[PDB]
Every structure is written in C-alpha cells, then in structure tokens.
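> Please build the complete structure, drawing on both the sequences and the hints.
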Amino acid sequence: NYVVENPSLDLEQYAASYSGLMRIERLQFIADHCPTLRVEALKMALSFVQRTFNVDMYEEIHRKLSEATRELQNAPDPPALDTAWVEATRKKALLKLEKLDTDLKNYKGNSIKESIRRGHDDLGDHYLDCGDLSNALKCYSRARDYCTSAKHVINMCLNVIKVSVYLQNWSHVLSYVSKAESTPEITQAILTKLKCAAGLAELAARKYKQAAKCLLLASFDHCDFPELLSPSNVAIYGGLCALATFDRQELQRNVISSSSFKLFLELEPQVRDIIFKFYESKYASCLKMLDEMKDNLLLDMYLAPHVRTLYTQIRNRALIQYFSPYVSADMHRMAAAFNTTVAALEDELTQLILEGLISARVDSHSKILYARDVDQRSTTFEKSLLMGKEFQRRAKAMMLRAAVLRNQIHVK
Amino acid sequence: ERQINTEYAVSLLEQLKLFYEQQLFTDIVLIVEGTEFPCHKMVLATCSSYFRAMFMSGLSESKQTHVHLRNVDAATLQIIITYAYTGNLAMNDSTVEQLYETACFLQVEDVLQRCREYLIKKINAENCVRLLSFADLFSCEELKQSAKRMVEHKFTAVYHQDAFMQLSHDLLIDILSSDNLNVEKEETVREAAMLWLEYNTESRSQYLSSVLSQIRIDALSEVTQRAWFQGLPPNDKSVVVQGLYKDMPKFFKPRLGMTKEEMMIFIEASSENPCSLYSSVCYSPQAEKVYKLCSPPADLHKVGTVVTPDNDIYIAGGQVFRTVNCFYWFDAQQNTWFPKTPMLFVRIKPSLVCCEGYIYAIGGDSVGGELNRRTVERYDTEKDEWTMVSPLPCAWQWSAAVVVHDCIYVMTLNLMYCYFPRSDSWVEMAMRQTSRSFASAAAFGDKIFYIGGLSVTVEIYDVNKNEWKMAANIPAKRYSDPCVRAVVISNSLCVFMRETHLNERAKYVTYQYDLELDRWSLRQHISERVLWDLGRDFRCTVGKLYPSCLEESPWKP
Amino acid sequence: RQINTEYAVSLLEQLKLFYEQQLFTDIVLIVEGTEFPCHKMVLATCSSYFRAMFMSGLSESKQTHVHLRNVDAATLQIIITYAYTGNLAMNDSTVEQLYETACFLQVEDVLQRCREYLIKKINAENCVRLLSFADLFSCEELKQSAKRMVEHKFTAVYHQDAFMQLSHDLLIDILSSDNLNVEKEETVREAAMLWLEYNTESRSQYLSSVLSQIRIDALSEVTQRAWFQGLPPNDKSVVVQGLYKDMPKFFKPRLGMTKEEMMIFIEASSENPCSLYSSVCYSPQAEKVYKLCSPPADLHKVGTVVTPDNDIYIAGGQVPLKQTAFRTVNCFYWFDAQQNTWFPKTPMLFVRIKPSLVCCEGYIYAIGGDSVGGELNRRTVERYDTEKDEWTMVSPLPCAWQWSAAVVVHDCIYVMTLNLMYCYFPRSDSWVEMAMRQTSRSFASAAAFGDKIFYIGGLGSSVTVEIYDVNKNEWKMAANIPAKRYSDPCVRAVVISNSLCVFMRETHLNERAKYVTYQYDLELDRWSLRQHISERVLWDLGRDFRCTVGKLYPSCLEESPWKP
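So the sequences go chain by chain: A, I and M. Sequence positions in the first sequence follow the authors' numbering and run 74 to 150, 159 to 267, 278 to 503. Sequence positions in the second sequence follow the authors' numbering and run 6 to 325, 344 to 477, 496 to 598. Sequence positions in the third sequence follow the authors' numbering and run 7 to 328, 341 to 477, 494 to 598.
Simulated from the structure, these hints should not be mistaken for laboratory data. Just so it is clear, CB atoms sit at the ideal spot from N, CA and C, and this is done for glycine as well. Possibly wrong hints are sitting among the right ones.
[What the hints assert, rightly or not] Here are some, though not all, of the chain I residues that point toward chain A, as calculated from beta-carbon distances under 10 Å:
(1) 345
(2) 346
(3) 347
(4) 388
(5) 390
(6) 392
(7) 395
(8) 477
[Unchecked claim] To give an idea of the interface, some chain A residues facing chain I are shown, with a C-beta separation under 10 Å as derived from the structure:
(9) 89
(10) 91
(11) 93
(12) 95
(13) 96
(14) 120
(15) 121
(16) 124
(17) 125
(18) 183
(19) 186
(20) 314
(21) 316
(22) 317
(23) 318
[Stated by the list, open to error] Here are the computed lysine to any residue pairs in the SDA-like style, where the Cα-Cα straight-line distance is at most 20 Å:
(24) A:172 x I:349
(25) I:372 x I:417
(26) M:22 x I:57
(27) I:255 x I:239
(28) M:22 x I:9
(29) I:470 x I:427
(30) A:173 x M:12
(31) M:307 x M:577
(32) A:172 x I:347
(33) A:180 x M:12
(34) I:22 x M:22
(35) A:180 x I:93
(36) M:328 x A:216
(37) A:186 x I:93
(38) A:186 x M:365
(39) A:172 x I:362
(40) A:177 x I:347
Here it is as structure tokens:
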C-alpha cells in the first residue's frame, strides 16, 4: 500500500505550516509512513503533543517513540515519558475544566442562549485540547441548539466541520458546509473557508471533479487556514484534481478565471509547470515532474490512496490528448514522448483501447498507432440489422408466450 | 482509614445546602444589625474555631436561640456562611480586607489561609502600605514579611503615598531602620521622615525622639535641626539637648541601596556541571567580575528578557520540549523568582517590551493555529492582567522589538511597524534596503541600532528623520562568525561581541562606539580568567543588581 | 454537574467528628434505654419522618428528649451513622429489620439500597419470606420481581413452611396467575388442599374463593370428598354450595404444561449483517425455529449448562472493547424462561473464554476456559453456589488442558481432553486418574446419557465414536456414523427423549450446509434416521455454535421471521 522509503521531506516547514490537532495527526502519519525519518518526526511530534495537555494519544506516541529509540540502539551497534507530567497534566486539566464546567452549569441556571452556546463551544475547545473528540461534539452539539444569529450559525458550522474531520465524519462536514452556504443569502471572506473545507472533505471522500471545482473557487485572501489544510497543499490538491478531471479548455478557463489559483500556482511552481506542460503537449517533462511530485506527496494524509488513482487518471488523460491530433502516430515517437519503453507503452495503449476513449488501432509491425475513424453508416446498418434480428426473436418469444397462455399450458 | 467520597460526600453537601436555602431545621439564628441568618450549629462549628466555643461553653449562650453578634458585616458573614455550606469562596478584589477582618473575629482558619494567599499575591503597586498596616493590625507574619520586603522597595519608589502617613510607630521603626531600603541616595529617606514627622502635632513629636536616630548620622548634622528650629513647640529645652546627642554615636554604616551597580543579565549560558543544560549569569562592567543568577524554573529554557525603567526583570514563555505560558519576576534581594499571572498563549522566545508602565509581548509563536497569525499581547503591571491589543500587520520570525520615545517599534528582516499605544494601531514605517534576520536591535537615545544579521551590518534609524543609513563595519577578525549584542551602557552606546574561528577559542571583548566617529574604540577586553564560554542562544540585557544578594560564580581561570 | 467536592468531603468528615465526639447535640433519641445524641440536620437529610417530627409545631418541637418506640437500637445506629458517614454495611441477616425501620422513618435512600440488596438476594429458600415481606410493606417492584421468581419456585418446592402463613389475597394472586411452571395441574391442586387443611375453619370462607381460581377439571373429581371429611359438622352451607357451584370460570389449560424438549443454540449466524451473531433454537416436535434473546452485550465465546431443574446459565465470554477488538469479562447471567431476558448474577473471580459449565449437586462447575492468570495453576476450576449466590474454588485439576469438554455422571465431574481424562470427586475434592483413549482427537463434545460417556467426533471433525463406561472404566469403539464422503460434518452430542441423538450438520463441495439428526441405537450400535431437518425452516448457523438440551415455552417465545 503506502509506508514507502524516500528521503528529502522538510519536516520543519510541514509541521509549522499546520497547527492544532491537525498538525498532531500530520506528524503521526508522517512518522508512521516515512521510515529512516520516523525518529525526528516522532521526537518533534511528542514535543508538541505534550503541549495542550493530551492524554491518550500521548501514550500511543510515547510508546512509538520508545520503540523507535530502542530500534536506534541496535542498528549502529527508549525515552522516559516523565510520568510527573501525568500527575501535573491531570491535576491542572481537571481543575480548570471543573472551574469552567461550574461556570457553564451556573449559566444554565441563568438561561442565556448565547452564553450557553459560547460556553459549550469553550467546553468543546477544551475537550479537543484534552484529546476528547466525542466529548467536544456533545458540547458542540449542545451549542448548535442555542443559536441566535447568522454568525452564531456560521461558527457552529465551522466547529462541527473541524471536529468531523478528525472524527472522519465527512458527511457531517458536507452537511454543515451546505447549511452554512445555502442559508445566508448565497472584506470578511467567510465563504472561502467553507469552500476550502468542502474541497478537502470531498477529496478525502474519493471525489475529484467537484473537489477541484470547490478548490478552484477558494480565494487566496483566506491566507492562514492551518486548522484544516495549508495553502501549499491546497494548491497541490487543486492542481492534481484539475489535471485528472478538467480537460484542456476546462483547465485553461478555470485556472485563469479564478485568479486565485494563479497565486496558488505561484506557491507551487512544480504543479504550475506540470499543468503548463500538459497544455503545451510536453507530457514527457510533465510526467517526470509528476513522479517527483509522487514521492513528496504520497506521505500526505488524505492524498496517499487518492493520489495513486489521481496519477493513474493523469497518465491516461495525457495519453488520450497526445494521440488526439495524430493520424499516423509512430509508437516510437509516442514512446519517446516519455521515459517509458516501447513495450510498456504498447501495453498501456492496448489497455486504453480495451477500456476506450482513445479510439485507435495498434500496428505492431511498424509500431505506429493509427487512429480509428469508422464509417457511421456501416455501423448504423450493422446494429440496425442486429436490432431487427433481436426484434424478430422477441416477437417469436411473445407469440409463443401468447400461444401457451391462450391454451392454458403450465406445470401443475 | 477508609474515607471514600465517590458520589456520597457531594450528596451530603448538597442535602445540607438544600436545607439551608429552604430554612429547614435551623436551631441557631444570627442577628447582624437586624439581618437574620438562619443557620446551624454544626456547620458553624467546623468552619469557625470561635463558633465551636460559641455553642459549647456552659455559659448562657448555649441555651439561647437568638444570638446578637455585632462588629461583623452582613455580607462578609453571608459569604462565610455560604462558604461553610458550599466551599466556593468566590472572593472579589475589593472586600478582601473586611472578609479577613471577620475571619479574624469568628476564627475561620480555612478562609484565613485563602485570604492570606490572595493578599500575598495581589500586592501590585499601591495597597502595599495599606495592607502592611492591615498586617500590622492583624498578625499575618507571612504576609507581614512579604509586604515588608515589597513595601521596602515600592515605598522608596513612590515615597509620596498618603496611606503611608497613617502608620504605627513600631512599623515605621521597622521599615525605616531596616537595611533593605532600595534608595540610591541617603537624602530621600531623610526628607521622607521629615514630611512624615511634620504631618501632625506633639503626639508625633514623642515618636520623633525615637525615629530620628534610625538613619545615618551624616543626615543628622544637616539642615534637619535648622528646619526643626522653626517647627519646635515653644519653651522646649531638654528636647534640644537630646537632639544634639544624636551626632556621634549609633554606628554610622553604609546602606544597601547604594550598591545599585549597572550590570548585564545573561541567560542560557554554558553550564559547568554536565547535569544542567543552561544557566543564567551576570557581568559587572566596572567591578570586572562575573556573577551568577538562579534559573527561574530551573528546568525550562528559551525565555525572553525585559527591563523596565524601574530596573525590574521579568521572564515569560519558554519551553521545558513543551511550551509553557508561565510568568516570573526576579527578586533584587532574595535572589529568587516569584511567579505572576501566566499568559493566555504559550509563546516560544517572546519579545517583551516595556512602555508607559505596560509590558508588551510581540510575536514569538503564540499558538500558531490562530486565524490571524500576526498577533501580539500586552501585560498590565498595575492591574496584573493581560489585555488583547491590535494584531500585528505582517508575520515575522526571529524578529526584534524595542521602545523609543514612548512608542513601540518592532524590527524584522526588512520591515518595521510602529505601534501607537494611545490609539492601539500599527503604522507602516521605513523599509530596510538589506534583508537580514536572526539579529536584535538596541534603543539608545532617539536612534535604533540594528546590528548583525544573516554579520556586521550597522544600520542606524532615527525616529525624527525616519531613514536608514550605514555608519561603518565593526573591526573583527576574518574567517569568523561574530555574535553581536547591542545595548545601552552608562548612557553610552556600546557593543558586546564574541568571535569564533576554526580550531580557536572564543574571545569576549566590548567596544565603545562614537556617534560622529562611526568607530568602535577598544573600551575593555573581557579576560577569559574570569568569564568562560557562554554559547550561541544566550541573551543580553541591561539592568542594575546587588552584589551582596547575588553570589560570585566559581570557575577556574 | 456538581459543586466543589473538596469541601464536600471536609464538611462530611467533620460532621462525623462532631457525632462521635458528642458536642453539638440538641436532640437525643431515647430507644429502649439507649442514648442516641445526634442533630436535627442529619436526621432530616436521610429520613422524611423527622421532617414531620421537628418542623411540625408539636410538643416534640421544643422537647429535647423523644422516646422513639417500635424500633431497634442496631437498626437506628446503622441508619444514623449512614446519615453521618454513608457507609451502609448491609449484611445478609439484618436487611429485614433495616427495611422495617426504613419504611417507619420514611428514609428514601436506604429504602432503595436495601431494595437493591433484596432484588439481588431473592433466591429459593427466601422467596416466600420476601414475598410476604413485600406484601406487608408496599414494595411493588420487589413484589412483582419476587412474584415472578416466587411463581416458578413454589411450583418446584411447594414444601416451605412459610407458605402456610400467607394472606388470602396473596394466595389468590399466586394461584390464579398464568405464570406457574408445573408439569401437571394436579400439584397446584394438592398444594391448595394442604394449605386449606393446614388451619381450622378460618380457611372455610377462603375455600369458596381458592377453588374459584383453580380449573374445573379437578373440582368434580377426588379432593372434594376429602374436604367433606374436614368440613365442620352439620355445615349445610358448603357441601350443597360446592355441589352446584362449579359451572362457571371457563376451564383453560395453564402455561406451565407448555415446556417441550428443545435444542437451544447460541452464537448462531446472524441473519442481518448489522449484528455479529444471534441465538436460535430448534423444535424437535413443532418442527420450527424459535428466536431467542441476544447474549448479554453480545457475549461471545461462552458456555451453557442446563441444571436438572431446567435452568439456563451463562458464564465467561468476551465483549468487544470500545479491525479486531475484544476484551474478556467474568460476568455471569441467568436466563428467564418466561420473560425472554438474561438476568445478571454474581460474576466470577477470573475471566474465561469458552468455559465448560457443568451442574452437579446444585453447583455450577466451570472447568478451565483460558483463564487470565497463566500461573502454575493455569486451570482455575471454580464452582458456583446457587443458594448463597457466590463462587467457591475447588481442587485444581492435575494436567493443564486446552479445548476440553466436561460432563457429569454418577454425581462426579468427568472432564475430557485430547487423550486424558480425570474424574473429580466432589465429596473429598480430589482428582483420580481414569482410562486413556487410544486416539488423539480434540474440538469435540460429549453427552452424558445414563452411566456412559459418549465422546463423539474430534480432530474438521470426523465420525469417530469412543464409548466410555463408568462402571467398567474403559474406552471402546462402537461404529462410525454413515455420512456423505468428501464432507465436513459438524457433530453435536446431546441427550433427548431418553435416547442418544446427534445434531450433525454436513456440507458438500460447492453445496450449502444440510441439517439432519440421527438416533443412535444403544444396543445395536447404529445411528438411525430419526428426523430430517428441512432447510425451509432452519438456515445456516455457523461453526462456533453450541447446542444444549433444555425445555422452553413456545408461547413466551416468538417465531423468527426469516426466508427459507
């Protein structure tokens, strides 16, 4: 599946770009899927997990770091968790939480909807920091009841979106994105954050056409959005999905018209060249950059399974567009339009013809790919004769059915 | 012994609380200037060490359903009674004195410790002398001594407070005769006593015969008698005789406050013992000695330093690596660190700036996850609280911030923004022509001197001119990476730089820089026989310290 | 939420100090010459009678000495200290008087705790006493729960002495109920007759009512002239009365006569994919498949036992911890034959996986079952007490065994493993070496029929049968079950209809599982086709399912709706 070996990831920037439990999840997966770098990834993870009083995931991360350090003590032939933290962390976490709980329950005796909603949101924020997902949800699911204003609804939607990403309840994210968008009359760019959340949720839900459409509408004025996804990965997420789903004219319009993805492409010049090479029919350089983008972004959270499908689609689409303006396309030249071998391209081309959407015939004698332009009339006549034969057969079947029903013929 | 409390001990507290509010089975009622407080003898017994004797002694009080307790406030007794019924004190910052007074009447030892800790923590700027007399009226020795040291510093700072005038004779003697006066001159204590004595009449003149002999004799042969000639009651002969006797005797000795030498506070130095990672030391520009300081957390590092105009040292943020938003303050005499109100965000290497008596923390990796990553937060030295202010304009890392002309100035790679404290807004300033980071700036006079960056870049900025200019390059040996430190010393701009080469030892030397000469003249070279290697992440700041309170750091030359 | 707990503990223990050290006492309870100095606050928190005693305005409001009568010193002391420290030490003897004083003082909390103690203490030897206690004081929840356990247990014993001393209304409710568990309607008849003849003519007026609740199939036959013998002399208002009285009241059979010998199955293949496993049963007479309640918290990897009193118990098992995730729990449950639910009981000391539950001398024996200990005694054999509701350890078995089965023959425990066998002697708590099998087979089951042990199958399984005789102490072969070749039969040994039958499910290549049972001829050593289970009623059950012999009521259970 994944967990492959490959160097050259910059741990410092990827950890600092994100922040929150999202960063915690990013550091864990990067450590778990990138060996020969798991130690520093785990060392940086635990150094940040101990902040904001985590309880359960800390034990898992500390155990993994202890195993990783033990492994380092045998190859070139385990850290202490300082359980004083447990005594310290629990005692502080309880006292402040109990103090906050006492206030809110007293506020529940005061009966103020906004105060109850705000207090419940604060309780949910504390529970998320404590490492209590469902506990935060119930606090957030009690703040949803006591809403008063449109901004309160927007904040309610954002909190549920944030939590359901960690819970991987992407259905709750999409439902709250729709509620937050369609309701309040479709400088403060609030819809941009909602579109970014929807695109990330759709991409994690194995969707590419709508996710790219949502990501392309994301304005760069949002800038800091580290609770869900960094702008650097957002540009990459949009570019890969657009390359796999959007066709040439579809790509050119959407990227240019958005004028925020141009800024996104400036952030990631590699995908910008990939799209530009895709437009200019330089798929040889386009795909070699793609493979370079493969290893750097296959250790991504919601990308690793989907990127392989996305990259497979990109390879298919690139081949389809390349052959389209060709009558006698030499398979040598088409093979030379990439680092692939003649045999490998022939197998890839044969697979594409079997699946379709290339409409070609392979002439293995001279290794030239000839496009197929069948006469419409001949196929029409053939399938019309087949339809007439099938109609006669079905008429015979119906006449036999009528004969056996009229004569009352049935097994007793 | 088995004292399990799971879901039962709370039930009994509730059951009694329901009956108290519903007025059930009360057998004793307290009459407080006509206000009735139906309560119970059992709960009063446990809370108060006086109410237990109020219902046990064989006097007529035992067989009396209505007891008229006086000299107690109704609100204070009610909050004590409810604390006896729920345990949540919920004390404010205003009624602390009367709540402690009634806890001194009915002996509520529990609330007494809580109020003592609350009072010992909130001696900020003004109530120091007020609660010191309060601690003189009610014996609170632990708070009495804590207020004594605090008053000794703060009173000498203000020495104009009206609350100081009304004090007992014994407390004034203890304050004035102590050798903990934070005064750089011996005349300010003389005039403080003079204004205290001339505040009233003969009754205070009796105390004058005992307080006039508690200062050094250098001020007793002065105009004090000449000003006392017009202020003496008529027909007084023997009082003049005893006044003349106070010139020769009673051990004229130097004070402690005059040892307020300007020194340099350093943090995160090369620890001697391998068991410790970093240490905080000090350097004396005049005494040419290296002093040490105690680490505030003793385990947490990556802290930021700030020095107020009143020569105070503060520590905020840091990592221990988990980031902690704790706060600390250095004691100038006890050589310890008293914590203060922690910040709301856990910062990494915060930049603290003092202006208008407020501490401003600019940048330093607040939480990272904030929607607006460009934010700051300030501190209140009087109210002891953190107040949110206008957010930062641009995101900067490894930045520096200084204060010039009562204005906040923060410096980064190439950009500078000035924060206007009166309107709470940021204003764009001049742009630097060179992009250099990992450097600090010094606020000397009306000019900002941004030194170093990656080097020896000397880029001088003037507030009145609003321009950046070059002066010269510091003379340093080639094939080296100097570590520049710019700070104001003795009202003169100077630098503290260390050079490191390959296979060579570090050398410490400070130079004297002239404004119109653009040259760093050799002022003093720090010999390695007294100062050892510091490191790379060390910080430097200017402040005045006491040699007697601190201890010399032992190290072999 | 709650309020500050740290002060809740401080006040609580300080009130206890003020109680043990008698200082702030304004009211003292005078009970049979025993002084009880206490407070009005603490008595108020627990009891709802002292709130009508102090804050009422009577003479006792100002009086500081009250003579509380019709109470007990020990009961008052434990109630008072419970109001003072909350430690309600409830033993097995003083709970009766504890409830009496709790109801007298109207103390709600201790009333619920002792009711919760009595809801767990309800058993065989005190069912009549608790029901009469539940009739004296209105405790409907206990009264109903007793009545259900009472109804089944009286029919079983019907010899307890407290049954005679019962109110007329209680007896009418018991006898007229449709929940009695009797193999015949004549045992309830004689139980009523002995109750009526227990006392003097004081039962004569109740006789016109007790016969009005019993069916008329016995109100014209014998046990009518017997009452005439016991009639008061010259009473002509009863003999003629009963002569023309038994016309009405609609003769109808009861529910206790509706128990049939059925094969109870556990951990069957769940029909709906939403659930992991389910429990079903086969009806050898009704030829239908009745559904059963799911195991408690889908308790998988458990064992079943049916006592000679026809009671079903569940011990051991594991619950999926909150992808593979399972944690083993030592919870114990009892199945209600009428309510179709599993009543929890006293849990074991150690957790078990697939335990062998065997009943003997009224004790439930769980032998082995992959205990959590793993020490030198990696067997952890322990019996259960059905009268005291507790577990007691027994003599450890000599050799550690895995995937074993156990049966009971001749009042002894016979546990079987791959090749070894050890017999447990309950009277001396010792193990004796038994005969050795000549074949290495495991993952099989054995059924105890008479004085012989029939180890059927073993390893899928096979058709190997080794018959062991207790009186002879030898293992001998009889025959092999004729089954289709190239198949994997799933053998299940069980005793039914006073004969040794087998529940063998076979599966052919590229074919579905087929259900068929055979009757083994004991004297002819041959398995005869007793009945063929059609697939139109019984679907696939799985592989890890267990079978046991027992009796259930088709009326209380419901038919499982599932397509053939």
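> Give a verdict on every hint.
Here is how each hint holds up against the structure:
no.	hint	in the structure
1	345	4 Å, holds
2	346	5 Å, holds
3	347	9 Å, holds
4	388	9 Å, holds
5	390	7 Å, holds
6	392	3 Å, holds
7	395	7 Å, holds
8	477	18 Å, violated
9	89	7 Å, holds
10	91	8 Å, holds
11	93	4 Å, holds
12	95	8 Å, holds
13	96	8 Å, holds
14	120	5 Å, holds
15	121	8 Å, holds
16	124	5 Å, holds
17	125	8 Å, holds
18	183	8 Å, holds
19	186	12 Å, violated
20	314	8 Å, holds
21	316	8 Å, holds
22	317	6 Å, holds
23	318	6 Å, holds
24	A:172 x I:349	16 Å, holds
25	I:372 x I:417	18 Å, holds
26	M:22 x I:57	15 Å, holds
27	I:255 x I:239	28 Å, violated
28	M:22 x I:9	13 Å, holds
29	I:470 x I:427	8 Å, holds
30	A:173 x M:12	15 Å, holds
31	M:307 x M:577	12 Å, holds
32	A:172 x I:347	16 Å, holds
33	A:180 x M:12	13 Å, holds
34	I:22 x M:22	17 Å, holds
35	A:180 x I:93	11 Å, holds
36	M:328 x A:216	15 Å, holds
37	A:186 x I:93	15 Å, holds
38	A:186 x M:365	38 Å, violated
39	A:172 x I:362	19 Å, holds
40	A:177 x I:347	16 Å, holds
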